[PDB]
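We begin with a single chain expressed as structure tokens, specifically the form solved without its partner chain.
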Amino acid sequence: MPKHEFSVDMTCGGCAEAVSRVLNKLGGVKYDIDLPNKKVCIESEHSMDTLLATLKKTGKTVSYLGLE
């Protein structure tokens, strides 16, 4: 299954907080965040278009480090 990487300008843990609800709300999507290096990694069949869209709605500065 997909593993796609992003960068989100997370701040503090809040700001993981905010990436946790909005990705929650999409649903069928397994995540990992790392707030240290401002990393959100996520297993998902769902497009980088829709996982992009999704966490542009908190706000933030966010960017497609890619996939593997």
Second form
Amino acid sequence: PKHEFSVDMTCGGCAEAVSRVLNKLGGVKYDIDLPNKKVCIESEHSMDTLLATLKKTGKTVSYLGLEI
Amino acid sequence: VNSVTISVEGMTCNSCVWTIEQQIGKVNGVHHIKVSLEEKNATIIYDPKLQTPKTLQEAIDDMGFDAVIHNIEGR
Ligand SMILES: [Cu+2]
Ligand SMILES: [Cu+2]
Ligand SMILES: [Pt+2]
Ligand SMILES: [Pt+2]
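Requested next: the structure of the form deposited with its partner chain bound (the form solved without its partner chain having been shown above).
Full complex below, order starting with the chain above.
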């Protein structure tokens, strides 16, 4: 399962925070595009928790659907 | 009110300080927060029957920046 999120990421430090909340939820394999302000997560975790994880950054997130 | 200094790895630009500053400020009991890129930390004045150095630390840690407590100051 490969969900895809929009995350407003200004700086490279902003992208480092996204990979941390993700690494602490565990059980994900992610790839963070900083130019395009996008995250794709392959994870058995529900869309709603993976969503919930990414707004702990303080950054406004949103669900784009699947790839997959 | 007391003062904690949490050190913070992973702040690169101002969007980082701002993010950290503007949301840890929304937290209640927080009288005042001033984050510094240079020594890579935040100083928080706060009402102690509302927050603890560990609650403030953890709040930052949950944002994806690595926060560890450096200095507690009070009376
Ligand atoms: Cu940033
Ligand atoms: Cu930054
Ligand atoms: Pt930047
Ligand atoms: Pt992918």
